[PDB]
Amino acid sequence: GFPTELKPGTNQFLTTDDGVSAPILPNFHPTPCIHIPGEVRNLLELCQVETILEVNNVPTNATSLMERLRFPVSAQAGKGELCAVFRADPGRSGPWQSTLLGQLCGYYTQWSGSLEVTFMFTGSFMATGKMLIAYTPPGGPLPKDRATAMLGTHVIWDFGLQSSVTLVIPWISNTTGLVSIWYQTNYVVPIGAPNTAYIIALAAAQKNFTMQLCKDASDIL
Amino acid sequence: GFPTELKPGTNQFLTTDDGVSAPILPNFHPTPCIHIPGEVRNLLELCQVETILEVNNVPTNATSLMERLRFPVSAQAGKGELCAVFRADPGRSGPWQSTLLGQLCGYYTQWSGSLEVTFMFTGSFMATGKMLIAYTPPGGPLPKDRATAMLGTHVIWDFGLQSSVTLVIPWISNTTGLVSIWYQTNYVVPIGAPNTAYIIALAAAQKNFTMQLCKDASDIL
Amino acid sequence: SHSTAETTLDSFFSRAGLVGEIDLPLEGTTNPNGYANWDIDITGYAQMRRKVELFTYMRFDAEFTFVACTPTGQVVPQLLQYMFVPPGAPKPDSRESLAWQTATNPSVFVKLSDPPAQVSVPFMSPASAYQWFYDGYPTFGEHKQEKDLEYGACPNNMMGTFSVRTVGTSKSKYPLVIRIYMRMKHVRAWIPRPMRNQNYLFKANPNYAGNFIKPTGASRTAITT
Amino acid sequence: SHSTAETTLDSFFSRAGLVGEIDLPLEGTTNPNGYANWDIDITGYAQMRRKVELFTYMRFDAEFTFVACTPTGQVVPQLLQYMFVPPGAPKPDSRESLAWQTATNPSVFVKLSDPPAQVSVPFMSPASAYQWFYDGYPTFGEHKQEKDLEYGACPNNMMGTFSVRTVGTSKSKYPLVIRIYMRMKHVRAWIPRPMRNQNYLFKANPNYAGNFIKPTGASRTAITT
Amino acid sequence: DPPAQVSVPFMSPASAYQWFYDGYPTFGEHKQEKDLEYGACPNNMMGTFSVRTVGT
Amino acid sequence: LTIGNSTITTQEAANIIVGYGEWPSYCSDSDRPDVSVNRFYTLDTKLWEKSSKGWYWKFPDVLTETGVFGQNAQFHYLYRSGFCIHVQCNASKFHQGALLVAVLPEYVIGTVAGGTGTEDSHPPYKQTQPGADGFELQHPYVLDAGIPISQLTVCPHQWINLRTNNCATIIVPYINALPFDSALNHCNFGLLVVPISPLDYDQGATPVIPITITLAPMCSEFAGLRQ
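Residue numbers (the deposited numbering), protein chains in the order written: chain C, 1 to 174, 177 to 223; chain C', 1 to 174, 177 to 223; chain A, 72 to 296; chain A', 72 to 296; chain A'', 185 to 240; chain B, 7 to 37, 40 to 235. A prime marks a further copy of an entry chain.
Isolated chain C, as found in the complex:
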């Protein structure tokens, strides 16, 4: 007869309780671990994967399926407006729902990290011109004029250098800044050259992405 105290909460079922039980058959040996030269242990491998983001979600026809992946640009438009990226928020709707991180955030609430964008130029061999991509810092509203854009951080994009240009946003959380893309100058070509081109964009995140709070939310269905 050993005395023992009965703590409250005996028949409660706990979802987060990690339990272990003795195997029924202690004699069967599981299959040996397979040795492979390359070894990967952590989920960090997914954080460096590149994903394409698209804006022209207007068409829905069957025979227009392949053109979705890019956005065309033409010389007919003059000093207009190329693309209007929505507020950068993986949780909210928009281009970010297709990405891996946005799906991962579907069970989660608070996120923070850095953002980088890469651009490469695919024009004609004889063309000359200058492109500029700038991100407006927080506080500043949407750029009405290019003067309000220049006060923010801007990077020069020459046509002799293709993709070594790197832009970094120091910190994004959850309110924030906005990014806009205008026509820096019109792409002009002489006779015997195509009148249309295409532009490819890249987007990734740095190592400083972290998670704090789990959420019991499921987006499916």
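Read the hints as simulated data drawn from the structure, not as lab findings.
Beta carbons are placed, not taken as given, at the ideal position from N, Cα and C, and that holds for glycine.
There may be inaccurate statements among the hints.
Claimed, not checked - Cut-off 30 Å, straight-line C-alpha distance, at most; resulting in silico cross-link-like pairs (BS3-like, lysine-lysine):
{"hint": "1", "chain 1": "A'", "residue 1": "162", "chain 2": "A'", "residue 2": "256"}
{"hint": "2", "chain 1": "C'", "residue 1": "7", "chain 2": "C'", "residue 2": "79"}
{"hint": "3", "chain 1": "A''", "residue 1": "218", "chain 2": "C'", "residue 2": "144"}
{"hint": "4", "chain 1": "C'", "residue 1": "209", "chain 2": "A", "residue 2": "122"}
What the hints assert, rightly or not - The following residues of chain C were derived to be distant from chain A'', with all beta-carbon distances above 10 Å:
{"hint": "5", "residue": "4"}
{"hint": "6", "residue": "6"}
{"hint": "7", "residue": "112"}
{"hint": "8", "residue": "113"}
{"hint": "9", "residue": "142"}
{"hint": "10", "residue": "165"}
{"hint": "11", "residue": "170"}
For chain C, the structure is supplied; the task is to place chains C', A, A', A'' and B on it using the hints.
Chains C', A, A', A'' and B alone, transformed into the frame defined by chain C:
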């Protein structure tokens, strides 16, 4: 089959039982502790806070709200009686219910500690006179004459020294002594001077305040 | 002081008291759908909020146990299991919602004949710590001139709720009586502020009326002893 | 990073949710024989398979607990003991099969008043690890032009099932309600693959229909802001 | 469960209980009149318990 | 140093008292304009009357319109600087008074419920930015904040005694909840003043007492970032 004894009192619910449970999710990391240069650990910080105590709880009109915080004094009264502090007891009603310690004692029974009072003089620049504040020690009844007041501890209050005067009551518990304030002398001024002044008082407790027994009493409502 | 062993801080904070009460009417008009959701609203009751309002910066886990019985104190053999939805996911509105089918939400099941249940949940709020006061505009959006469509109902600040169902093909035929006790595990405070002295008029606002009150009027007149 | 103690992987995977539901009708037409067999089919439900399909190489043991109650949450004193047949032996078809008399199969019996049952079973599949995808012909026979007589029903891939009977001379007269929770013990993955985006049409095949869908169409037009 | 074992601390404001008292039990400064609550003095005992039944 | 006819300062032998040995300093852990910031401008004079009850201002809301650097900082939400506040009361030998000055962090604003029906409407657009006009008190027990006046002693405070000295200075440290936080979204602090002695004087004396507010950043900043 391990033998075990069942102690009595298994289904009882205990209010004071401190229990710990395993977290459901062992992977989420709580937010890191924030480092600040100044650090405070104990509740003792509240014990050195000064609180004003008032006696003239008679008026209740709306347009007399600001005058409550002081008590006026005039030269018309001659050798009368300034203020009659009730029995010093934070538990009982009176000026002490507004103080922090008295509210803290609302769940508690036995208290002991030292008391100190500070007075500063705010009269005219040309006036001359002498004030005296004395606390009657225990045993002695309420002072009928100033002779019975002088046998107790008294402190001289000159008008050249403002607030460096300190009076200490060695020990108060829960029966006790009484404190009374008379007009030491009438405040007289010549022509071209105000006929009314005001006096400010201070009250605090020493480090020797302690608590012994908790009580299951709530004063609200 | 001389000895501070009996003056231990342990008794200074630890006090268990009744905080909540959940009823399950078998028919009704306020709740005719047969199910109710109870979010953890500490600010709901004045008597408990008085103790809490002395504190400004705090983050801690929670421990709850559930007891059900009859008004005569008799015990009955009924078993329940409790399921929790993260605060991030929206709470169910109608019975046909998908919240009851979610398998990704962890659950723990215990009986009643066993010693009392002890369960703990982590701090899942995206912020660093809870804030009882906010000298500004609660919304954390870039828009500072308009108002959100979901104004008034902002579950983004609380910590979620629990769903209760009965095991069996048919619905339960007995109403139960349940009382809840609340406690703090860790105590850490930074900025000390005063408490409240007058009563509260609204549940979510400390506003007052035109009938002012006075702390005490015991002294008939200050002139006399 | 600076501190990774709160970012522990423990909360990244551990989530308990409802996965299965077994009914015991006292009479019926779908199951008029009074007994049912439930094989462990993870691929049966779309919502759970979405989490699992991110993983390719895995082998692990299982832990299950069984709870039975009424729709009103009342508890009843009923005891069950569970018997498991190895996957190698064929599953019973008729009541007069020899599977109920097999003594060589180990069994563990626990009550209900005791703390919740924790049981574990080893990995008995003849293969090294489970394979969710197979770019070829599933049969492992030397014949590569004909088809087996048992096509369609291939229990050689699953992990078996359980048999449930009632203790007593006569049959039980109460139906029960049972819910099951599923979890992983060890997490180890090698080859990362994408998940699914569109819905499923058949249970065992990912085929799609001619009505294509689009991830989002929130932007009314891309030309404007 | 096994039989309940509960313990409560000494919460009386005094140092220890006193069964005998060669004087006047009241600890007030007044020594000639009597308190309004004479006869019922819960200030010496250790309190009581409240019992209610769970159920509507 | 000041363009005009006012370069008033508060001596050079002030008596600074540290609080709990945590004087403000630079947080430069890991877990050039210095010419135009060191110059101080004197705010306009104000006339104190008998019926005045007090004033309160929101920080740094007042400096958005006043300062030259205030205008271009409306889109740059970052700001971090400590302040030194000097208070002095110019009075002769025929005036009596006492002043209570303290800082109350997160000065919350509470609405009022008057009339036969306890329902309040939205504040108007004009009163959103009162400027130098400010507001007027209605219930001074709560000071539009629900707080009894007597209990403010929990925060740093100072007593203005005219018996010996006339000018006093108080120093407060900068406090924030996060290592980096927005300044234009979260209110920093506010100033509170309460009159203790009603204005009393005889004929022939000065019936007006100047009110002086002095701003001077005792702790210089580097600043400059996107926040």
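*Beyond 10 Å from chain A'', beta-carbon-wise, is residue 165 (chain C)?*
holds, 70 Å
*Minimum Cβ distance from residue 112 (chain C) to chain A'' greater than 10 Å, as the annotation requires*: The claim stands: residue 112 (chain C) keeps its Cβ more than 10 Å from every Cβ of chain A'' (closest is about 47 Å).
_Hint consistency between residue 209 (chain C') and residue 122 (chain A) [alpha-carbon to alpha-carbon, up to 30 Å]_ = Distance of about 25 Å is within 30 Å: holds.
*Does residue 4 (chain C) sit more than 10 Å from chain A'', CB to CB?*
violated, 6 Å
*asked:* Check the hint pairing residue 162 (chain A') with residue 256 (chain A') against an upper bound of 30 Å on the C-alpha distance.
replied: Holds, at roughly 27 Å.
*Does residue 79 (chain C') lie within 30 Å of residue 7 (chain C') when you go C-alpha to C-alpha?*
This hinted pair is violated, its Cα atoms lying about 74 Å apart.
*Beyond 10 Å from every Cβ of chain A'': is that where the Cβ of residue 113 (chain C) lies?*
Fine: 50 Å to the nearest Cβ keeps residue 113 (chain C) off the interface.
*Determine whether the non-interface label on residue 6 (chain C) survives the test: each CB of chain A'' must be over 10 Å from its CB.*
Its Cβ does come within 10 Å of chain A'', the nearest being 3 Å, so this is violated.
*Classify the label on residue 170 (chain C) as holds or violated, using whether its beta-carbon is more than 10 Å from each beta-carbon of chain A''.*
holds, 55 Å
_Checking one constraint from the list: CA of residue 218 (chain A'') to CA of residue 144 (chain C'), max 30 Å. Satisfied?_
Judged against 30 Å, a Cα distance of about 24 Å means the pair holds.
*Taking C-beta pairs only, is residue 142 (chain C) more than 10 Å away from all of chain A''?*
Non-interface label stands for residue 142 (chain C): nearest chain A'' Cβ at 60 Å, farther than 10 Å.
In this structure, the earlier hints numbered 2, 5 and 6 are contradicted, and the remaining ones agree with it.
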